[PDB]
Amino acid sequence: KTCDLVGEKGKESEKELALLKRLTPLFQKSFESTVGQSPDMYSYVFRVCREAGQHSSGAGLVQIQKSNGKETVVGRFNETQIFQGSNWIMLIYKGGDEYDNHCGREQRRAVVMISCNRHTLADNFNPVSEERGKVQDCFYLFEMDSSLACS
């Protein structure tokens, strides 16, 4: 139902658990951004610890192909990692759908950099880039502003 962290119950990081708690105000929200040019125009939908897709795939972030409405899971919230810096929070969703001919067929992953902005609880969700040219450790990068990242 919500984000799952590495480690069995009772062995998860208290630091990560506390950060999930801090981001709770964003759980019911949904963020979207359409980018790219044909034939690769995509609509990215992102949610914090909740289903972002339409197929109960457990997606935390999905990539919708505008051409046919096909949905590709970029990252699943059942594989969440979250940590903070002085004025930012990085949220990572691993376990997305596998690449077909890139990154050794590695499962996609979403990396979201949340920057401190005292004037908004959440705003400016924006796809930044996709690294698909490595033998491993590929990822989609996104950015967003949130006062919850301020310390």
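Numbering follows the first chain given and starts at 1. We call the rigid core the largest set of C-alpha positions that still match within 1.5 Å between the two forms. First, how it differs from the form deposited in another entry.
When the two forms are superposed on their rigid core between the two forms, the C-alpha shift of 2 Å or more among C49, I64, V112, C103 belongs solely to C103. Superposition on the rigid core between the two forms places the CA atom of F139 2 Å or more away from its counterpart.
Relative to the superposed rigid core, the position of the CA of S38 differs between the two forms by 2 Å or more.
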Contents of the next structure:
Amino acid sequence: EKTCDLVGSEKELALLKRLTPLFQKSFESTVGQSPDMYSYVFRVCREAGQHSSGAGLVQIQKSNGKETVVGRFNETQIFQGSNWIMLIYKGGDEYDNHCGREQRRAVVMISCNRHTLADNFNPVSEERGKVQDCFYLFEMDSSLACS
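Mind sharing the form deposited in another entry? What's above is the form deposited in one PDB entry.
Next comes a single chain, given without company.
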């Protein structure tokens, strides 16, 4: 029953409670093309990795099957916007390349969409092989982000 732990905020806890219906869902997306193909696994307040490292979102590199923690849910921040919700997981694995040695962080932009409870999970910004944004941004739709 390990859920999100808010970095620190109760206004914030209300937002997490609103996202409860998504806790059991799993979200995944594969990017790139052989050889350098990667796969992202995202979950709301639940483990997304296979190394029980408390990861809220992971990047799996398809050459070695290596898992990189983008962010952990025990360091969660969440904000309500005009037609969206921004979920953030901090404390991921350190970049130890050109991006510096800072720990990765995961940002998921949940747009309001009354037609679906949750869908269309897709990466927008990443630090993946050739793509060097030194920033991880994902998007998805949810009727939960409405109002």
